[PDB]
Amino acid sequence: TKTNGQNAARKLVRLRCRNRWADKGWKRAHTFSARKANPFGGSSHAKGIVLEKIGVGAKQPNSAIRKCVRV
Amino acid sequence: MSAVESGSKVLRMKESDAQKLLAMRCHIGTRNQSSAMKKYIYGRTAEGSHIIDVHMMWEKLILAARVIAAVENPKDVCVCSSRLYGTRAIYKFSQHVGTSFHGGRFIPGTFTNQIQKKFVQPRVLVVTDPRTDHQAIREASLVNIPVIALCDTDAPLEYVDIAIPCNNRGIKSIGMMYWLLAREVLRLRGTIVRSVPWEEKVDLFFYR
Amino acid sequence: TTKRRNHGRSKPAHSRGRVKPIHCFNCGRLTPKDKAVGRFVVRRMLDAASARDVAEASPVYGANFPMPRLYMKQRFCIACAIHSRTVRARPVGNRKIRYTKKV
Amino acid sequence: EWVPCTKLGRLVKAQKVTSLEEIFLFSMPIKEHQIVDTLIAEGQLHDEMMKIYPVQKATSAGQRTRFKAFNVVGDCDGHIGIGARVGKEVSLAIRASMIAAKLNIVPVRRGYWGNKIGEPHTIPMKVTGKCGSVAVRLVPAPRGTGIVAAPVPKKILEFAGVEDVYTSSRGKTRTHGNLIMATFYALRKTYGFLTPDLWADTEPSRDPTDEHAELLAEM
Amino acid sequence: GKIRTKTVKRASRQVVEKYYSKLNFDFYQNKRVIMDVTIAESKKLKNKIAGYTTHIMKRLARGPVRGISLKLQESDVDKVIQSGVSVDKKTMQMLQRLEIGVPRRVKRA
Amino acid sequence: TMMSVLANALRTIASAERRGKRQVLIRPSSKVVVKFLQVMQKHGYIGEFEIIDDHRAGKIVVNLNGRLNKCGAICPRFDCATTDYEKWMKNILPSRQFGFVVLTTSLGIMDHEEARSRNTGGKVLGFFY
Amino acid sequence: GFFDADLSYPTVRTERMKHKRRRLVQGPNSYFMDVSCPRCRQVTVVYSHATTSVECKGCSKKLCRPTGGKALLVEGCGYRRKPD
Amino acid sequence: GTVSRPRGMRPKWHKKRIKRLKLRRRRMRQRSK
Amino acid sequence: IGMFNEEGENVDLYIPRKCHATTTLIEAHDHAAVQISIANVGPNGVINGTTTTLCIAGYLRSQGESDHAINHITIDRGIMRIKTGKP
RNA sequence: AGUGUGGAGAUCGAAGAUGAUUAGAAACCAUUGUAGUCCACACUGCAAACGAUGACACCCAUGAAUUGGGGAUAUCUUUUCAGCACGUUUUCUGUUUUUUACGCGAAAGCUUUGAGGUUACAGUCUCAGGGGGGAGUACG
RNA sequence: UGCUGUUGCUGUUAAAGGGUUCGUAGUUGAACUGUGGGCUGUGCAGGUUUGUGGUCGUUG
Ligand SMILES: [Mg+2]
Ligand SMILES: [Mg+2]
Ligand SMILES: [Mg+2]
Ligand SMILES: [Mg+2]
Ligand SMILES: [Mg+2]
Ligand SMILES: [Mg+2]
Ligand SMILES: [Mg+2]
Ligand SMILES: [Mg+2]
Ligand SMILES: [Mg+2]
Ligand SMILES: [Mg+2]
Ligand SMILES: [Mg+2]
Ligand SMILES: [Mg+2]
Ligand SMILES: [Mg+2]
Ligand SMILES: [Mg+2]
Ligand SMILES: [Mg+2]
Ligand SMILES: [Mg+2]
Ligand SMILES: [Mg+2]
Ligand SMILES: [Mg+2]
Ligand SMILES: [Mg+2]
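Chains as they are written, first to last, in the entry's author numbering: chain SP, 2 to 72; chain SB, 1 to 208; chain Sb, 2 to 104; chain SF, 44 to 262; chain SV, 2 to 75, 89 to 123; chain SJ, 2 to 130; chain Sc, 2 to 85; chain n, 2 to 34; chain SY, 4 to 90.
Just so you know, not all the hints are guaranteed correct.
[What the hints assert, rightly or not] List time: in silico DSBU-like cross-link candidates among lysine-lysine, alpha-carbon distance up to 35 Å:
id: 1; chain 1: SJ; residue 1: 60; chain 2: Sc; residue 2: 19
id: 2; chain 1: SJ; residue 1: 22; chain 2: SJ; residue 2: 124
id: 3; chain 1: n; residue 1: 13; chain 2: Sb; residue 2: 4
id: 4; chain 1: SB; residue 1: 14; chain 2: SY; residue 2: 89
Treat the hints as calculated values from the structure; they're not laboratory data.
Whenever a hint applies, use it, and build me the whole structure from the sequences.
Here's what the structure looks like:
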């Protein structure tokens with residue numbers, strides 16, 4: 002249930018503002034914690050130097066050696 | 001339904017129907033009451049027996065008779081009685097009015113299971129007791145069959161369209177009510193004369 | 002998935018808040034008095050065979066003066082009521098039926 | 044060969060009942076699918092198998108697999124029928140669903156959006172149909188809108204004969220068994236809504252079984 | 002156990018209905034009668050049918066039997095009006111309020 | 002605490018129409034309630050109604066022909082310009098062919114079709130169809 | 002029976018059973034009685050639901066004793082219900 | 002068995018483990034403080 | 004009665020019956036809605052050829068209120084008399 | 001439950017001990033047993049603190065009941081808290097409910113005691129939620 | 001995406017009514033001051049006035 006009064010705009014604005022943070026996609030889009038944790042820093046691509054070739058095993062029930070590199 | 005277009009008084013109680021109703025104790029109501037049947041109850045006497053309003057009882061009986069008399073093919077109205085005491089009454093009623101009858105257990109699916117032999121489609125269903133004929137009433141609701149019932153003071157009136165307030169217990173009462181209905185249906189048809197008393201005796205309607 | 006409308010006790014939602022617990026007759030488990038299964042027991046002091054002998058040897062007791070009987074209000078926890086066959090599990094439709102007099 | 048089993052069936056075969064509207068007028072149940080076949084003109088009744096999926100019942104040795112089939116029957120001119128029936132084999136389910144769909148045919152009322160020129164193209168008013176958690180809301184639309192609906196309701200509405208409608212489906216619409224029935228239930232409500240055009244008193248008429256009772260008796 | 006199966010019981014009922022006059026309480030004459038009016042590859046069944054047929058014959062002598070038709074052997091109100099009805103106080107009160115008035119042959123008990 | 006007398010009255014009528022009652026008692030009464038009832042009565046959705054005086058907020062007994070599918074109040078009374086009639090008809094009415102939105106205009110309480118013809122806006126009171 | 006109720010015009014039977022505030026138009030259940038003192042026969046107007054120590058001027062004899070509802074007149078007292 | 006899955010150890014004892022862990026971290030920070 | 008084209012066609016498939024008690028439209032799928040025909044009676048006790056027919060919706064016959072509804076209708080039609088005459 | 005200070009300590013009893021039972025048994029069972037349990041004052045304010053159902057207000061079908069107060073009119077007791085008390089029938093307001101109508105709901109189920117009167121979505125206010133965890137954790 | 005819901009979500013059991021009260025800001029908040037009147041033409045509904053198959057005493 003919710004408020005319905007004619008002059009109850011401030012309550013509805015505050016209520017929606019407080020509850021938008023419950024949305025993970027909205028919170029990520031409006032907080033820098035994910036941006037700082039993102040290695041690309043918000044970029045679509047990034048350039049790097051290959052350090053080592055590694056073999057990452059596939060998770061069960063798959064069984065393979067996924068060829069990956071450390072960059 | 002005593003009232004008619006002409007304004008006549010032919011279809012009214014004649015102080016003789018009242019004597020027959022009173023003699024057979026057709027106005028005693030199981031000492032129990034139902035909200036649906038509260039309108040038909042005149043009052044409660046000592047020992048707590050509800051007294052059925054005779055004016056309303058006669059008016060509903062006339063209405064039911066006029067409904068039955070409008071069926072051109074009398075085989076299209078089925079009379080049912082799961083109770084033992086109504087078996088001869090509905091048998092005698094059918095042999096006089098021309099209706100189809102069915103006593104004893106009502107087979108589930110008689111009105112709704114088409115592919116079976118013994119599947120019948122009556123246009124009007126009349127039952128002796130709504131409580132014990134609940135299966136016939138329940139099936140009639142699925143196939144557009146209106147229901148006439150001999151309801152007591154404690155009677156489930158769910159799918160009942162025409163409720164006749166009477167004592168649907170006891171041998172004498174059930175026989176008398178069907179005798180009155182058969183006589184009135186014949187009178188409305190014109191097969192007998194209202195001026196002369198009906199020759200058929202209620203004893204033939206009595207169970208055993 | 003509410004099993005019972007009354008939640009297995011005689012305490013509607015706006016009657017009381019707490020019913021003082023009682024010890025089970027057999028094990029001593031503390032259960033609310035309304036929830037515990039309570040049977041009033043009128044047990045004969047002696048069985049028929051032995052009462053015959055005692056009444057034979059008693060000037061006090063006989064065909065005219067009956068022997069005393071034990072009267073106990075027994076309240077069981079649910080586990081002890083079930084294990085002692087005082088009550089059993091029932092079909093879902095039969096769970097609703099209730100008794101008011103000792104039959 | 045068809046040997047009629049009900050009084051309505053005999054009346055239809057004897058051509059005493061010539062239109063499906065007469066059956067709908069008196070709310071007579073249809074228990075023989077040959078009634079719809081004879082009353083609907085040949086080549087005018089179309090059917091489609093909307094959905095076939097298997098249903099399984101666990102047993103002491105493995106599990107028993109049956110198939111539920113949904114069939115839609117419509118003339119694209121205001122008559123729609125939906126049938127679901129489970130069979131041991133797919134072919135049995137499909138044939139039974141076609142029979143069931145014919146037995147459940149209902150009339151759907153068509154209305155106008157604004158100007159009432161030409162034949163009706165949309166539903167007369169906003170109606171919702173609910174089955175399970177799936178609810179389908181049909182909203183009248185102007186001409187040229189088309190059926191703005193999911194493919195399953197759009198197929199049903201095409202068979203019902205509507206041209207323009209706005210739809211919105213809530214609930215778990217991927218449950219197509221409930222989605223099909225919700226659309227069907229929304230279409231039935233069109234003729235149950237009392238509009239001001241239907242306020243006027245209508246003269247009562249006799250049902251065909253009462254009208255031709257003597258003919259039925261001589262059988 | 003010696004429970005008669007439905008095939009035995011149904012045939013026994015049919016025999017009794019069709020050939021009631023030819024049957025009596027003796028198994029051996031009934032068995033002879035049944036062997037003439039029955040085609041069955043099993044003599045054990047015909048013996049069992051004869052046993053249950055004579056059992057039904059005994060029951061029929063002791064009143065009716067369900068499942069057997071045998072369709073060869075299958089006004090007090092005026093007296094009460096004369097003696098009076100003697101209605102209750104409230105019932106009499108209802109009659110006094112009627113258009114026809116209080117009917118004759120009634121009392122207040 | 003009852004906050005809207007009109008909403009209470011329209012809720013009571015809608016419940017009675019759903020149950021198929023022949024008459025319904027409305028309590029309390031008001032000028033706005035009577036004006037709303039007269040609008041519905043004008044278009045034929047209700048029959049005769051009687052106002053009973055009790056030297057307080059009175060009572061109304063409304064006779065009901067079964068023509069009223071649903072009536073309800075809109076709270077709060079949103080402002081409605083003459084250009085907003087089509088928006089409200091779309092949102093709350095079952096169709097563009099029948100049903101009425103009731104407005105409080107400076108010219109009085111009237112249905113949306115009448116208000117549109119008079120070129121006047123106002124506040125939405127409720128609806129019926 | 003056969004007489005469907007009218008909300009505007011209730012039957013005296015149903016309306017008489019209504020609570021005083023549940024009637025179509027609410028009204029009092031009380032009334033006034035002119036009471037004759039059992040000592041002087043002086044007429045005193047006493048409220049039916051009186052709760053405060055009614056005394057007859059003169060003898061100063063308690064005419065009624067308050068109760069949960071209607072007052073209880075003293076024994077051997079002559080009262081008649083006044084109109085309106 | 003009046004309850005559904007705890008899904009990864011009884012939550013009461015997990016809360017107890019977290020509580021003891023909180024106390025240990027508290028004492029460590031107190032030592033450093 | 005029913006929807007009408009601008010030109011004047013009736014457009015509607017059919018005009019459903021309305022319950023004589025609650026005026027609700029009687030749909031084609033309820034299967035509990037009934038039609039009851041009451042024979043008209045002339046000045047003599049015999050019945051005429053005409054009848055009076057009333058339609059009752061299925062839901063009213065489910066609530067148990069069809070008997071009350073028929074009583075009210077029959078009284079309004081002048082077929083049934085509310086009270087017995089004066090003695 | 002826990003904490004502080006006084007008192008109390010009959011009963012029962014976390015910790016602990018011992019005897020059993022066990023492959024092991026730091027448990028269940030037996031005998032004990034400290035803190036506690038009880039009281040006063042002061043803290044604590046974390047419960048399945050549940051009707052797992054926020055508050056106020058309106059409509060709402062049926063039958064038996066039940067608690068308290070009032071209206072009206074078969075039975076029992078009736079030498080003083082007594083012109084009594086109970087009890088019968090009917091009614092009424094207020095309370096805790098029960099059995100079996102719409103309607104609602106994913107269903108279990110709810111139903112004048114709503115979870116009904118909601119896509120035909122608007123009586124008023126307010127609190128909370130937005131896949132599972134990490135985590136009611138880290139930091140302040 | 002009616003999964004941010006003013007339109008337009010959910011909160012018995014799925015995530016979610018605060019343990020209970022009180023309570024400022026804030027939101028919301030019961031009725032009433034009020035039918036205009038005749039006149040005319042024009043199309044509708046029912047309080048009574050002469051006349052013209054039913055019940056009812058015996059023309060009523
Ligand atoms: Mg309380
Ligand atoms: Mg508690
Ligand atoms: Mg219990
Ligand atoms: Mg378990
Ligand atoms: Mg469980
Ligand atoms: Mg869970
Ligand atoms: Mg403590
Ligand atoms: Mg302490
Ligand atoms: Mg010290
Ligand atoms: Mg000890
Ligand atoms: Mg908490
Ligand atoms: Mg909670
Ligand atoms: Mg109390
Ligand atoms: Mg209830
Ligand atoms: Mg959600
Ligand atoms: Mg939860
Ligand atoms: Mg709470
Ligand atoms: Mg203010
Ligand atoms: Mg105001």
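Now the hints, each set against the structure:
Distance hint between residue 60 of chain SJ and residue 19 of chain Sc is fulfilled; the C-alpha atoms sit about 16 Å from each other, no more than 35 Å. In summary, the hint linking residue 22 of chain SJ to residue 124 of chain SJ is supported, as the alpha carbons are separated by about 31 Å, within the 35 Å threshold. Simply put, residue 13 of chain n and residue 4 of chain Sb have alpha-carbon atoms about 25 Å apart, close enough for the 35 Å limit, and the pair holds. The suggested pairing of residue 14 of chain SB with residue 89 of chain SY holds, with an alpha-carbon distance near 14 Å, which does not exceed 35 Å.
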